[PDB]
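6 protein chains.
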Amino acid sequence: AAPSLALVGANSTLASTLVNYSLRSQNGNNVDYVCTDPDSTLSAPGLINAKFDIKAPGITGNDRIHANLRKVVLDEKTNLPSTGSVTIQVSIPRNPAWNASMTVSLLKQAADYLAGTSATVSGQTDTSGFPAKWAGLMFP
Amino acid sequence: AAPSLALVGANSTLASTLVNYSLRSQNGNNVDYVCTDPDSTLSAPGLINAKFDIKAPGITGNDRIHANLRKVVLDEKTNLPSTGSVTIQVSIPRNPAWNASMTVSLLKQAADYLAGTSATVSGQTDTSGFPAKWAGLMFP
Amino acid sequence: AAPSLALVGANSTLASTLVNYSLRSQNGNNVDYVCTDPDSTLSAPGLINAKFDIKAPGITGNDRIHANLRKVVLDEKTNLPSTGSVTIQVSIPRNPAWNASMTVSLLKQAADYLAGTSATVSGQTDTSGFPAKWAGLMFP
Amino acid sequence: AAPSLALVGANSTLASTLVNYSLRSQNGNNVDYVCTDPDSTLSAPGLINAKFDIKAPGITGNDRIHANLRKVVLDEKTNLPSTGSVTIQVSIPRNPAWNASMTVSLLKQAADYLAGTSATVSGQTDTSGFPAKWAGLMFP
Amino acid sequence: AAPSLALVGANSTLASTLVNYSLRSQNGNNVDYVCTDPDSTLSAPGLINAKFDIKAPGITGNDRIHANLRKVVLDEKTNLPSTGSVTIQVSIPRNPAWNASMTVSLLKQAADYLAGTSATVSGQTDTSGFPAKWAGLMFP
Amino acid sequence: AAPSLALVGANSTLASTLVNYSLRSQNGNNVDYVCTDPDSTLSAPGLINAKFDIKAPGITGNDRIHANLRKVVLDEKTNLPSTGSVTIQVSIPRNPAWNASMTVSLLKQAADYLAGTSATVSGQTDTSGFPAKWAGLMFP
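Chains as they are written, first to last, in the entry's author numbering: chain FA, 1 to 140; chain FL, 1 to 140; chain FN, 1 to 140; chain CB, 1 to 140; chain FM, 1 to 140; chain EQ, 1 to 140.
Everything labelled a hint here was simulated from the structure, so no lab data went into it.
Honestly, I wouldn't trust all of these hints.
Copies of the same chain are indistinguishable here, so a pair counts whether it falls within one copy or spans any two.
To be verified - Derived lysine to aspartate or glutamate pairs resembling EDC-like cross-links, with alpha carbons at most 16 Å apart:
| no. | residue 1 | residue 2 |
| --- | --- | --- |
| 1 | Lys133 | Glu76 |
| 2 | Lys55 | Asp32 |
| 3 | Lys51 | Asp32 |
| 4 | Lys133 | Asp39 |
With the hints as extra help, turn the sequences into a complete structure.
Laid out in structure tokens, this is it:
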């Protein structure tokens, strides 16, 4: 696994800003990253976690990927922690009628539809405001 | 909800390709889209589902968003369907110490790390190959 | 679904007249419209209903569409309501040997034979009087 | 009944195409047509059925019309037949507060909403794509 | 239902001020709106909800409308939420001895007596101060 | 409580008309008014009721206002009475983070959205027809 990551997120103004993670450890079929920026501390950290559920060899099963991106925040009045999180589950069938291309296509479509980050293509719908609309709990 | 969507995915070459969804049905705080390409048929469809678990206004908890992007595929030999899917759960806390900028930041970071579609920002890790590695059950 | 509809029906003269519906509810792959015209009252309304029985993915079985177009009328003396209704069931198989084109062809033929509204084609039978004959319980 | 019919349906392109039926049987207020085109074979035919449930004279009750438009298709491998069908039930009350005009109005509205074939009237909703959306199991 | 609303309310000085709602979703016989102003957030939102309890066709029953306008507020000391709300229930009989005019008259009278917003008529009582007196828990 | 009221309602034309109430009785935190027009008689009256659910000063909860505006109507054939009513419940929290300006704001918004009687403010939606639509069981 990569020892460190510089991922793109959004500042208070929604401008693209780097967010720096470093690899804490690696267990059985999983990976744990911690945010190394000043705004994350042990009291209120930023975390990323990934895991593989890998089925036995063959074409019968469904492999699974579990990702989890969390940030803890403390109440201004009570310092009580509550966490915000985006969790992802990818399920990849082993029937040879499926492709890594199909996996990647689903990933790209989810990225476009919930984060508005897809590449540029002619007739694409404008998804730049979709993350804002989601964060407001309203459908695009 | 939007009546139709043109989301960006990937073909067998992994080149950026449009994938067209149209609104099947809106239930209360629930939306079902269906793929209108020749790729999906009623027998083996491409589907999207989006749900809102919104707690009572008096109660404090986490509000939740559930998204699911599916593609069904049929076995060549048995025509039995198995499905591949990316599911996403967004948990947003009801504390004013959290805000939509943070929700969007988590969405953007998840997009960068699992789909490799973040906006260009100097010092970002090159996440372009990460969806390929994930589809191979390999940590980036 | 569409928030409002202007469908074509017939007045007392059988002249083509608009009948206006608005989307009152939508729940669980079910859609319910109510008539906004003066002829639909609370006690004796005009109503539309549409349901989807969507089978699990697979190459076997039939998907089903249900639709009901109702007008309630009150008895002159007793004010007891009795309702007149045209209801449609569409059954779409999942064998790839079926087409949306075949579904649409059956819909258009039913429209021609029971409503007399088909498009103009050389050699078509004149179905204009067929809805009148049906309303009289007479085979065309 | 009419000895033959030239109804309008849709080909694989969804272009308006004639579909031809001849009167094969008529018995006991029941009428059965068979499709004369090459696409209807003995093993997988195209068929039409129409029945009258005529109630005894009186001011109470509903008269009923039943109609079924069928196309049979054979499985590529198993040659087992499955059939796709649009079926209509018209229920006409006998309270003099009902009219043949109301029957025809419901028929025309059903044609507009499920087949998209209504006559042209200023302000009507565009129902042209509705049969496609229905065949896809999507509410218009 | 209307996709968005600009309703008149009162600022901290009781001056007429717009309050902007947008349609979140539509379920069975109900409608959910959310305030889109800056002062409403997921932690302390403004909400509007409407529902119809519609009885069967006939003249026997009583139809009902349920409206609910809520605003959540957080304690300056503890950020604990409490909600303020105005709920409305309209009950419309189906006995033809009732009118939509009578429904509207009750609505207008309630508006005049609890909000002081009625139109101008010669001998009307001055109800401008009534909302203030109510908010003080004293009778007009 | 006021000894008498001249509230604005609507006639059969929906023109703004006065409706006159006079104080029948004041109970403790409860008020009953009766319509003094020829429209109301003892057999089929027009009535108003207003109640205050005020919790003990030590206890924190919501204080409540209950208002009810009724018109009784007699069936022409049976002289059986059925009644039509608008009821209002105002729930005001006992947290200083809430105030009378917010109570009044909710009252004004409810008036605008269900009776269409808000004060003129640029950019407001035209709510004038909303009471008509509500009396038709149609969402604005």
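Tell me, which hint numbers fail for this structure?
1
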